[PDB]
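K.L.:
Read off the chains here:
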Amino acid sequence: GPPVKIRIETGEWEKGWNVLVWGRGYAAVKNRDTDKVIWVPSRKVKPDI
Amino acid sequence: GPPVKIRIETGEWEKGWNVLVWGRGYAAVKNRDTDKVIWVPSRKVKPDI
Amino acid sequence: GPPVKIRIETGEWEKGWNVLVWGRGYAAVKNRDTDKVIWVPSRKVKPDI
Amino acid sequence: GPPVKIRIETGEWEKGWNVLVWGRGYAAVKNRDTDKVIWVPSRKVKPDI
Amino acid sequence: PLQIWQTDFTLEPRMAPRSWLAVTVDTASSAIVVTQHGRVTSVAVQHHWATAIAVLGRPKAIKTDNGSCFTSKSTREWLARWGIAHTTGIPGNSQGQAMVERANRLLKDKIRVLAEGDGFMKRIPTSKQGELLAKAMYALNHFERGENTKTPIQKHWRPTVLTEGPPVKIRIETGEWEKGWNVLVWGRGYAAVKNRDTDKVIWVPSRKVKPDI
Amino acid sequence: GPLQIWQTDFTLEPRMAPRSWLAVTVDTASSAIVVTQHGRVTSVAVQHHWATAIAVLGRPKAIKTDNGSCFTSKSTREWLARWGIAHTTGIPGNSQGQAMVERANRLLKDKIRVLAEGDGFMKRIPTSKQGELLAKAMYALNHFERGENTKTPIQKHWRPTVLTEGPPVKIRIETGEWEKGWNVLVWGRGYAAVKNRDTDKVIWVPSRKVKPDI
Amino acid sequence: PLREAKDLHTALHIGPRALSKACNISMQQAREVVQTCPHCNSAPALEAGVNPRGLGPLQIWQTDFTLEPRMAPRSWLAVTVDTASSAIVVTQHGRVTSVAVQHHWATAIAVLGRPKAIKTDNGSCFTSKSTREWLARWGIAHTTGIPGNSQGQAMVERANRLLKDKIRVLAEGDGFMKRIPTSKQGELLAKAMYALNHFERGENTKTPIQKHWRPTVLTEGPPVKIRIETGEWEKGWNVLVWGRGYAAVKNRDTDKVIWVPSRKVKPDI
Amino acid sequence: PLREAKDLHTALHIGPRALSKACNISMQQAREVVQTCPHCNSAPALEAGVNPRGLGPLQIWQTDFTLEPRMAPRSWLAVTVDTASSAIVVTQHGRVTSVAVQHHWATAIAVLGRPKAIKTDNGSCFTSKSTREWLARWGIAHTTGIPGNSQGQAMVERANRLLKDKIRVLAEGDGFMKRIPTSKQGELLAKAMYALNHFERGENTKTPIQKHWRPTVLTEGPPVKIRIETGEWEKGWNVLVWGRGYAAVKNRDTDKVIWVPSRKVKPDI
DNA sequence: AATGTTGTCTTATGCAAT
DNA sequence: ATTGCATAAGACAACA
DNA sequence: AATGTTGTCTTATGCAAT
DNA sequence: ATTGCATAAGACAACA
Ligand SMILES: CCN1C[C@H](C)n2c(c(O)c3c(=O)n(Cc4ccc(F)c(Cl)c4)nc(C(=O)NC)c32)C1=O
Ligand SMILES: CCN1C[C@H](C)n2c(c(O)c3c(=O)n(Cc4ccc(F)c(Cl)c4)nc(C(=O)NC)c32)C1=O
Ligand SMILES: [Zn+2]
Ligand SMILES: [Zn+2]
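Chains as they are written, first to last, in UniProt numbering: chain A, 1501 to 1549; chain B, 1501 to 1549; chain C, 1501 to 1549; chain D, 1501 to 1549; chain E, 1337 to 1549; chain F, 1336 to 1549; chain G, 1281 to 1549; chain H, 1281 to 1549.
Derived from the structure by calculation, the hints contain no laboratory data. Misleading hints may appear alongside valid ones.
To be verified - Listed below are the simulated DSSO-like cross-link pairs for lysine-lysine, each with C-alpha atoms no more than 27 Å apart in a straight line:
no., chain 1, residue 1, chain 2, residue 2
1, H, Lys1505, F, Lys1546
2, H, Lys1301, F, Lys1536
3, H, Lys1491, H, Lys1536
4, E, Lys1544, G, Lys1515
5, E, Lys1530, G, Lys1301
6, C, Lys1546, H, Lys1505
7, C, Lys1515, C, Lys1546
8, D, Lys1536, C, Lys1530
9, G, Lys1301, F, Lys1505
10, H, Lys1536, H, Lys1546
11, G, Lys1515, E, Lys1536
As the list claims (entries may be wrong) - Here are the in silico distance ranges between beta carbons for each label pair:
no., chain 1, residue 1, chain 2, residue 2, range
12, D, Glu1509, H, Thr1499, 31 to 37 Å
13, G, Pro1541, F, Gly1419, 36 to 42 Å
14, D, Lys1515, E, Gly1516, 53 to 59 Å
15, C, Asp1548, H, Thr1424, 35 to 41 Å
16, C, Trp1513, G, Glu1512, 29 to 35 Å
Note that CB positions come from ideal geometry on N, CA and C, so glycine has one too.
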């Protein structure tokens, strides 16, 4: 998975998640360290580098 | 991922990259050999054949 | 505020109105004798002399 | 002054207010009952009725 | 349709405490509406047709009996406000109430059927009354009764499925606006339009389109 | 011309414990004085000083100094080369590489005390007021006048004027000919106001109808 | 001379205009020296895939809950909207109990019919065992949006805001500033019902009710040009529906129907 | 037939389009029946006068504090901007105490000169007695925005965001992911200062530093068309400065300098 | 798991009349 | 042509 | 008491070459 | 005329 930054309720852009599947307007991302999948809308994620 | 030609600072359009990843102002492709995902801006890619 | 005349449903541009606070959607006029403040649309009004 | 409706930190829009001084981009507003003046940005007030 | 309606208040013990049941039925479609009532009141009278109007529309006339809450000034003023024609009748007349007979029979039949179907015999749980009422409503309105070739809904609404836009005249190169065309999609400044005969779709500027008749 | 040669040295100030080492950077063409202070005479602190001096004044063309341990050390050398500034050394005290450094040093040493007696500090100002004192001294030395001319170093350094006209632009005339002798005033959207350089007459003109002159 | 330009960007991270003006450099070299720095371009591409919708009536439904202060002590309301026809069904309850949703849907069925799928948020009683079992008994689908954004149900949320506006308008036009008497609750609700469903809204020439009972669907859309995901417009599809907001398109060979924003589609020729 | 339209709006609050379509009426009567209801239009006029700015250099200044984690253990920074020329000066401190505020200003004063006004938010130490008396001793004004909106000082906050972006770019472009060693703090700050002040930002052709030291001001502006509050565009004033965001216009007889939204002015003739 | 929406409002445009 | 109008196009908000 | 700002990015457009 | 380009116009975000 490629490296993206996702928002959280605080409003920052934390780094450390690979996206697994790409919906039309959704995505599921896996953390490097806590290696877990969470579903986030497409309009809430941006990559790094 | 369909094959795509990517761009380097050298001056050439090199092959061997399948876009897993498309965004509005970039793409992230991954090479068949190195199997490494890198975020490349959309300007630096074009279809492979 | 300067005196103005307001538009009435009857067809009278009655006098005795001076805008106090005027917005871009409507105004806040007050009478000279009763001295009561009402909000009337900006196309309900017309200045005096 | 004419009655206006002001937003607060919650985002609501409460009644019981009147404008004393109308600045170019500011306004001092005045409670209907408590009768206390505070200032407020002109973009945080909308009129009444 | 939406011409004449009937109504009546009927008892039933199984939905205590709100055992009072209100009915209203149309003529041309025989559509039903039912509302619970703790007690028959002229205010609860108001509550019924308001719900009935929303589901069906505004009829042209209503006929009923001389009920106590059917004849107070509140109902008369309300119906005058909505501009609907009241016409009272004998509490039990047939020349007036005529479809409410079948309405009450079918409604009681369906209510008994469902109340015994879901494992109840004498008292529906207070939280489960509206369930049974809505289920009976849907069953009696969206399903044909007896020989009926159409359910009440088809007669009442004529639920066809058209597939063509309204007739629209298009600006021809001579400047006139030839009718017989129907718009298909309203895009950005461009609306795809077809000819009713050639069946050809053409993109045309939004300034060059206006409806027919 | 301004901003051609700089000068630098250190100065121990016992009145300013414990950060008793002070660095001074002086322009030659304008005599603008920039100072920053560090406790220990190391590299990193003094390149911090040079970076601050560059930020406040700009990028010079050459820096002359002594043959101190750090002044010619590697770190400084490649730092300056990357910055692209010509280093220069000399006799540690020569009247050429340190022609104005000592004059600036004595001026500063007079000013720091003068202010210390101004606020009644004799032996050592507490660590709180050191930066404020340095800033006040810098303002007094730079923007004011201690010579007998009509140009402060700031007036010497930046060429401070108050312009009235925008850049000249060659306007296109309705016949399609470019035409210089016009200077824009206001870059409003769609329409830009341009004034005839001779008649002082302004006119509103479409954006694409004007192009910069020369 | 771009060697000093590269050094300047590496040690200073300067914008392309100032780089061009500070080293006698033109458009190109300024660009391809400014994009070399990874730190200068991180964010500016955030995808926006924005497309919930159904096609025909009684296919996709949405539902949420509303806290209406004037409706005390029965404040909670359940609102259901048909995505294809924008018709609205609401009911008044006191608890968020699953039984309330049971009743609200049952009445919604009685007025509009049986839909196919219902989309809703993961409410405390929406995914309850009894609710799911009863829904399966009725035999209709259920699909929860992403757990936490009350934004995938944007249709029912906007309908909620509109209903709140309309009901407040009616209430305070009837002379009730703070709350409505228990007597008038049903009359207000039904009047709002009739005002909303049976009268067209905004500018569309179609009433929501006769939109529902007399829907129009195109069996073969007109040719259009499509911003296919590759980034450039492509020729050879047909748009099924093109709403004010967003649109649906159909392939000419695969016959796939997808929901895409209206910006992605422009008319052919 | 407007009597039934009036009844329909009064008891139903219907939009003008539906009222026109449902009672065989047209534009006008539908309008002046829909605006009779006070409930059909409440909010839709929210005034927006958005105009802080100074005219010449060293006239108006702004200031705010910033919490920068990379600058630990001295994370707090004090940022000052000259509104006329958009020059920036930032100084590092460990506490938000008044003494730190004292230190920051004179350092900025020694670089830009002596201003006349310093707008700032009502910080716990900006309004401190020692700060006030020391400022009066220096002898320049002090104005505070409305107590609570960190938005009337929008220029210093925007420059704050820009400075934080630049310092982040410099820090993580050198190999310091989470924060900065104490040995790098000062040169990072100095490089950040040099980058913004002595180089162009965006598309303007005038460097901020030479804007400050070599400013241009028009002694007489060109004729413009002015949305005087009277409702429409009045003819007969001249604009002094017209920024991309917002502008200032001058009277021809009253000689009044006013900060006015840029949408309220357009060129004359 | 599974994606913003659109009524209301303001501004702009063009034609038809004057 | 100048004014007004009829229309279209664009913009804002808020909903646990 | 005392008011949003603007760098960055994106799309649209006219010219210049082809 | 077609394509491409150089520029201009407009949109977005975030600062305790
Ligand atoms: C009393 C000491 N104090 C502050 C209060 C705590 N505060 C202080 C700030 O610096 C900020 C600040 O920067 N922003 C960021 C911001 C938000 C919206 C905008 F439009 C813009 Cl221009 C800036 N917000 C707040 C705030 O309180 N609520 C949003 C704030 C501060 O120094
Ligand atoms: C877990 C049970 N649950 C909800 C969580 C608590 N929730 C529920 C809601 O109905 C809402 C809701 O309506 N809105 C309003 C809203 C805000 C922004 C938008 F874009 C749109 Cl469309 C709607 N927000 C929230 C919310 O969570 N945070 C703002 C919300 C709910 O039912
Ligand atoms: Zn960079
Ligand atoms: Zn109304």
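K.L.:
Quick one, are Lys1536 (chain H) and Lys1546 (chain H) close enough, alpha carbons at most 27 Å?
P.N.:
holds, 18 Å
K.L.:
Are the Cα positions of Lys1546 (chain C) and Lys1505 (chain H) separated by 27 Å at most?
P.N.:
holds, 21 Å
K.L.:
Is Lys1515 (chain G) close enough to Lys1536 (chain E), meaning Cα to Cα at most 27 Å?
P.N.:
holds, 18 Å
K.L.:
Just to be careful, I want the Cα atoms of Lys1301 (chain G) and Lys1505 (chain F) compared with a cutoff of 27 Å; is the pair within it?
P.N.:
It holds: about 20 Å lies between the C-alpha atoms, which stays within 27 Å.
K.L.:
Could you grab the alpha-carbon distance between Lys1301 (chain H) and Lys1536 (chain F) and see if it respects the 27 Å cut-off?
P.N.:
violated, 57 Å
K.L.:
Please work out if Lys1530 (chain E) and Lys1301 (chain G) have their alpha carbons no farther apart than 27 Å.
P.N.:
Violated, at roughly 57 Å.
K.L.:
With a cut-off of 27 Å on the C-alpha distance, tell me whether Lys1491 (chain H) and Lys1536 (chain H) pass.
P.N.:
holds, 24 Å
K.L.:
Starting from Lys1505 (chain H), check that the Cα of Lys1546 (chain F) is at most 27 Å away, please.
P.N.:
It holds: about 24 Å lies between the C-alpha atoms, which stays within 27 Å.
K.L.:
Given a hinted range of 31 to 37 Å, is it respected by the beta-carbon distance of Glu1509 (chain D) and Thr1499 (chain H)?
P.N.:
violated, 46 Å
K.L.:
Taking the beta carbons of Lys1515 (chain D) and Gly1516 (chain E), is their distance inside 53 to 59 Å?
P.N.:
holds, 57 Å
K.L.:
Given a hint of 35 to 41 Å, does the C-beta separation of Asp1548 (chain C) and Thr1424 (chain H) actually sit inside it?
P.N.:
holds, 39 Å
K.L.:
Honestly, do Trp1513 (chain C) and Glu1512 (chain G) meet the 29 to 35 Å range at C-beta?
P.N.:
Distance hint for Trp1513 (chain C), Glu1512 (chain G) is violated at roughly 59 Å.
Checked against the numbered hints listed earlier, the structure breaks hints 2, 5, 12, 13 and 16; every other hint is satisfied.
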